[PDB]
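Quick setup: one chain, the form deposited in one PDB entry, written in structure tokens, and binding and motion questions come after.
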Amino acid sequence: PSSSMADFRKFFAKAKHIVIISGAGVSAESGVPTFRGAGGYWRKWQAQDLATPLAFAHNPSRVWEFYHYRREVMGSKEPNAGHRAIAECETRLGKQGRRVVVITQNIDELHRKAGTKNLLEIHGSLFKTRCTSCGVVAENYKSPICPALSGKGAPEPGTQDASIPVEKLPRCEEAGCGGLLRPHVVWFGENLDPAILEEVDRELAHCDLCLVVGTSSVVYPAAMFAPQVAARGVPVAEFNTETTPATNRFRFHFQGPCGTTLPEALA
């Protein structure tokens, strides 16, 4: 694990297919908290407990409050210099006939807002819904997503659940369905999309340089992506404020906010 930017740049200059894996840390400097420690809580509950099939099945109103809140917070948010460096890198290399692809754990769409085109959102999106009856996935940026959620989603401990009746939670507007919608987001304990996983596999297999940016490397299976490329003999560069369990697997580690390290790295 070197911290030599110059050695990384040598590899960067020659790379024809760069995979950039990102986690919540890439959006921290945008004012979107990660789930590490404090941001991992909402009212009395842990985010990793709310983001489960069990929690939603038994209390879809509380879970929707939680997602509504996040959708609303995400409204004000802007890509940071980390996101911008990544998008600009893709566009510049694209004109050289070189490839950059972003594989993100994040559901916040900030990579998209920054202009990134080659993007695999492996955990879905905060701004998509899926119908729990007919399975139809739709884009949704409505604020609020439904009338009953207005002013709701307050994260403060002791905030009673709005306890919205299920017919007044977001409902499918497909012809003759009316089903309860859920956020189109992969929850803990759910399968990732097999089609997306095969796209991920094709990128990992063909790439020649990999960056792992702002991820804890403890969410599976995404945590195994970069280790797998590094096993193939490919250089992996980690950009994170801390070391992680995967750190010593990687060729490079650059400590600090990725917003301040990425722009120089990717110029």
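Numbering follows the first chain given and starts at 1. The term rigid core refers to the most C-alpha atoms you can superpose between the two forms while keeping them within 1.5 Å. First, how it differs from the form deposited in another entry.
- Core-based superposition between the two forms shows that, of 126, 85, 186, 148, only 148 has its Cα displaced by 2 Å or more.
- Taking the rigid core as fixed, one finds a CA shift for residue 195 smaller than 2 Å between the two forms.
- Fitting the two forms on the rigid core leaves the C-alpha of residue 98 displaced by under 2 angstroms between the two forms.
- Here residue 64 counts as shifted, since its C-alpha moves by at least 2 Å between the two forms after the core is aligned.
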Second form
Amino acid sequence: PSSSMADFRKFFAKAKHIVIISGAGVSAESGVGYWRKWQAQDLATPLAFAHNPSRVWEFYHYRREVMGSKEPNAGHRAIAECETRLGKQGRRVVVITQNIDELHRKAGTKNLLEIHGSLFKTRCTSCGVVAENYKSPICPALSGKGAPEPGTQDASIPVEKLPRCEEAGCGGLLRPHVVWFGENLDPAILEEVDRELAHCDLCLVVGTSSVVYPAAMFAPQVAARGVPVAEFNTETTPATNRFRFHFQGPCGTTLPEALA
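So the form deposited in one PDB entry is up there; where is the form deposited in another entry?
A lone chain is what you will see next.
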């Protein structure tokens, strides 16, 4: 895999359709552990939610509230500025993210496929309706709840006071619209993804470990068509040798240059 910025820029100057796949590394420079005695694998499951809907909500309230505090970094801003600039030229730029933090959106990204959901979306467990939700707090019973520090315990909010569906006559319990461990990704989103990968002529893979499916396989799918894929990561990954470029470093340094 090459590290030639100049050779990358030749492709970038001419690309009609850029796909940018992002993961958690893209938000590292925005300052985005354990929450109380648990890690994500113990909370972000349907079984956890079924057993303690209040505790899973405290956890999601806390993450939503922390986000309000976080700012997109130079990486997220370079990606958003790119889309705005090319779009004045009829050139397409889309972001396919694994992240649920919505910092791409806060940076000004408009073409965004969020394959794992969003902290800022809800789904009704009764009627299935999805909606956006930016309210701090999401419900008054969660106000001040979710503190991760030692000495905090379960709020034990009765389920009828947790977020509820406003559809007429529904009244159901809402959950975060995020893909939990064990759950399938939405088939409709994956078709939109397949369409973007098939049609792109330059692909960037940014801050992802490239080992978690199905996103692990997106950039290799593109590189297999003979399209250049550029990886932007602090380290090599197991997929690195499948790609045309590798640009090592924090993406807040390397992206503003590559996408200038």
